[PDB]
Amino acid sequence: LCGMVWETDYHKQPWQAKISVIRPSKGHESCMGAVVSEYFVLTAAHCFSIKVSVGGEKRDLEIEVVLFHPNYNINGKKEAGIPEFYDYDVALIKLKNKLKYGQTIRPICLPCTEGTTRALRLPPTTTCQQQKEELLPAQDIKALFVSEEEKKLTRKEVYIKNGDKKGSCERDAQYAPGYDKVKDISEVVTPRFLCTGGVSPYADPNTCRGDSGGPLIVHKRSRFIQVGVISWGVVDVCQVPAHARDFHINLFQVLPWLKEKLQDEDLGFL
């Protein structure tokens, strides 16, 4: 029973995971993640000694393995003079021990699962396509992501540009660090990416580096479905141009991988 809260930072966002990598050159790097099953946290590949915690605990959970998307390659396009390439920027952290679900630790819904079909009160014949059409229609989609302000968790409302504004949102990748000399923007914005940020239709807050890996969520029918993983932004805000966009891995585009790694988690992938 995923994507559900009850009547308190990690009470209100119980799927949220905080990640620290303490790298032997004395600078701690931060990321976020979402609990997706009792053994797994979903996050970004580019976040990677490693400290993971859930439920706002001081405790750091014991990590078994970290699984990376086979097509992820930050260096994939250096030859073409593209410094960092974020295609397939997703990773699963497998925990050694079963998480105990509580009021501070609950899993979020993933796309193309029974959990999501139930959460959206859809019929048993609901297909993966129909879910995508409900959750990601061709328009501006109200969504949120979860951030850290002053060591507490805060929701921030954003709009995915997936209709008439999509192109405008993607083109703005030209202003990101290192992409200013890219001829074809689709070399860096692949069909794996959703796009938020900018001022139309509303003035969306932007992600910080430390928000990377955290879920991009749709709040629908009183449930929380994860639609994307925060990957990269155009400007580090933490004067904000109207071309400050954020890009997220669309989870509907990495399902072969998700299904395979999570095949034993009773998520009921379609």
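Residue numbers count along the first chain shown, from 1. Only residues modelled in both forms are compared. In this text, the rigid core denotes the largest set of C-alpha atoms whose superposition between the two forms falls within 1.5 Å. First, how it differs from the form deposited in another entry.
Only one candidate in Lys100, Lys151, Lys96, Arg121 has its Cα displaced by 2 Å or more between the two forms after core superposition: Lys151. Relative to the superposed core, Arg59 undergoes a C-alpha shift smaller than 2 Å between the two forms. With the core held fixed, the Cα of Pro70 is displaced between the two forms by less than 2 Å.
Core-superposed comparison between the two forms: the CA of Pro24 exceeds or equals a 2 Å shift.
In sequence order, the runs of at least 3 consecutive residues whose Cα atoms each shift by 2 Å or more between the two forms, relative to the superposed core, are 24 to 28, 149 to 151, 239 to 241.
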Second form
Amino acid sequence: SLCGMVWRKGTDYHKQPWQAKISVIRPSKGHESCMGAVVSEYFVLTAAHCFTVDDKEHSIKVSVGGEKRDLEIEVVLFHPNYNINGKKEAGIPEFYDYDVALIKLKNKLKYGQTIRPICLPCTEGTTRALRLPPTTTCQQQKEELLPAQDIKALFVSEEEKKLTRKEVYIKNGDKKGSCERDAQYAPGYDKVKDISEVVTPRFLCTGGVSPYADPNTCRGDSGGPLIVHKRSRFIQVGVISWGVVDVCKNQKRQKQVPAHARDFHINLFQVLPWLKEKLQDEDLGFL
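Now show me the form deposited in another entry; what you just gave was the form deposited in one PDB entry.
If you are looking for partners or other molecules, they are not here, because only the chain is given.
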């Protein structure tokens, strides 16, 4: 398939046709909505923390293309290393390591103007999307997409079928350490002796006011794709996992600590063995 390409100047799901909207069937505070990405005709990639651990398949509804209709969910695949309770002993009340999950749909999606797959790292789709030679390796795709730099990226927020594109910078050069250490401003992580325990090698970091004023995520953006845009093609590099400031509830707090208001995303280059295995029959051509 031709991944990560728009399919006229339309709006919302015409501009971001890989976006998926997730709703928690029995909602509570902190457990209302999530986002996801269409990655193949049968699969939506999201965050594991969006589901109940028991009876995952009946814990959410998912929609694509801004449709009212919910898609039938056949199976939910959690990354095997995901465990929100895994570091309670270290004073880490919620641990978001490996916070990725795949929704297998019962019915094949039909791609159209409002439903299209986004490109995934270390696939032939991404080689073609980036107009790269057939000798391209996974490591070369990583150098092209995640150089040791502040990386221009974007994520999308949803409200009543309206999508808002937000430009952010991934701190992957000399700001990476500072970005990660700002996990300590997250309520509930402020007393962890060693903050590297909360921010593992699975994470990319955005947010703050340098080099630009990055918008922050809200809980409801959880599971949405963190995207790199090159020459009219969109490549997913991350899954939105967790934030330091919920700017949907707490714009007071971002204004108090704007230099440290970070967002954390699961790096898809760090879960490739799991992606490649679960998606091996989806014709994506993993390297």
